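Shown below, as structure tokens, is a lone chain in the form deposited without this ligand; questions about how it binds or moves come after it.
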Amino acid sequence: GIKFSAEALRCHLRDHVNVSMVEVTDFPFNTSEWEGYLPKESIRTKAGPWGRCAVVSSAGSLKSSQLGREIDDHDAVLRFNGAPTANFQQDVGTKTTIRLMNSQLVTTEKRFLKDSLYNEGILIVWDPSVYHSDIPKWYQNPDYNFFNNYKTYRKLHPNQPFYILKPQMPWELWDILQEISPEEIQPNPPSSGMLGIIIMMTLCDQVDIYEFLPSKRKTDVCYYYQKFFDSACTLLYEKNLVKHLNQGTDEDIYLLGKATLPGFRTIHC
């Protein structure tokens, strides 16, 4: 079991996980090849600070949840990868403030450069790095080399903020997951969902998280927008961390798939 209190764990996450994006001053993003591409204004100036926020998983258990009104009743909503709102608004809501994407999508999903769903809100892309690599080392061999499509998208949509997560952040979070669940942790980086939760805890006073802890609608359908099973649909310690930090009721998990986590601005350390 987790050895820290919820209060101590939030302080540990606040102090040990640096939620920051690559900046124009980080070599090699200050080379001529990168001139003008990265946002010059920090995400913290464009995103909040906010009072109440939602993180919406892409889970199949959002189908028929009718959570759309509950989700939209927030200052900001974070979604993942290519999760759509069109044709699903009654279940997942209408607005998208931040969209966190893995580098596999930006690199290999041709619809990223075509589909209008990406053009709303603030985009963040992240790429798994070697553990304890710095930015210049990671740059030399990204997991998925998304840089060309990043640049192409930036040119198509120059006024949409589009950030790159620093490579160190997922492994800083992994370190805390290991500290509290050492016998079970796997050497994969944290899920995008877990990263999105910590991102919103940095920008918001309260984070409502929908269908990360599964409700009564739990299902082996991977995505609420899935039409059938294919190669896209063939971890306990992340869910346990979120449960440990949850300030909401057990009924809200079962009925709404809803956890409620306080943001870092509001905690005392």
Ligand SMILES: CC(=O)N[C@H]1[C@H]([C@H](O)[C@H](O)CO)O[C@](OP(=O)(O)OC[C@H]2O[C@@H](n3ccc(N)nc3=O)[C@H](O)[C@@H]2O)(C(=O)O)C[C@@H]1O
The other form holds:
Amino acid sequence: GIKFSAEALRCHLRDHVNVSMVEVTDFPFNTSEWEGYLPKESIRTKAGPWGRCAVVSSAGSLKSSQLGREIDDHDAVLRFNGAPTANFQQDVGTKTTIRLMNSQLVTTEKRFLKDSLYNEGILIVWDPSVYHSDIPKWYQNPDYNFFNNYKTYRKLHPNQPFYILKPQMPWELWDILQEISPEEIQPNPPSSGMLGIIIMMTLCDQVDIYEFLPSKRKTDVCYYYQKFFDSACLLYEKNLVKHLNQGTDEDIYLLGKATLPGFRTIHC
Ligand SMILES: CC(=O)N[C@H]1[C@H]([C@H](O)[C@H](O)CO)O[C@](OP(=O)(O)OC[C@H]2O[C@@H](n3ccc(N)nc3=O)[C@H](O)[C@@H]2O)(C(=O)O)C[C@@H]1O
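Other form of same protein, the form deposited with this ligand bound, not the form deposited without this ligand:
Time for the whole complex; same chain goes first.
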């Protein structure tokens, strides 16, 4: 089992994980090649602070969940990668406030530069670095070289806020996942879902998380918008979220809903 309490784990996350974006003052994003590309205003001036927020997993158990009104009844909603609301609004809601994407999508998915779903809300892209790398070292060897398509999207959509997560943040979170499950952890970075939860805990007083912990609807379907199975179709991440959950067991089983307090509200 996990050795620390929920209250202590929340404080450890607040203190060890630096939720911040690459800034125009971080070398080499202050080079002439990068001038004008990054947002100059912090995400904290575009995003909140908010009272009640939703994080919507991309899990297949959202299909037929009819969670759309529950999700939309929030100040802000975060979604992941290419997860759509169109044709699914009754299950997953209509609002998209923040969309967190991995660098694989930005680098290799041609629809990133074509599909209008990406044009709504605030965008964040993240890329897994080598563990313990700083920004200059990471820049020389990203997991996916997403920088060109980032720049292209910025030019096509200059007034949509589009941030890059600092590379240190996923591994800081990994450190805490290892503390709580050292014998089971894999040397892969946390999932986008886990990152998005921590991001919303930084911007919100209360974070409701839908179908990250499995509900009655647990299914073989990997993602709610999947049309069939292919090569496209975590345990310690779920245990962390369960450990921090303030909601009822009934909310998990029926609504697939966990509720986590935001960092602004905890006492350390
Ligand atoms: C084939 C593949 O690469 N799948 C990965 C996809 C894929 O790269 C993107 O959709 C871009 O195409 O990205 C991930 O997955 P993705 O961002 O799509 O999914 C969002 C988050 O929902 C949670 N989830 C999803 C499915 C499921 N059955 N259970 C879940 O709990 C996870 O927390 C997940 O992160 C990712 O970024 O994390 C991780 C996935 O492994």
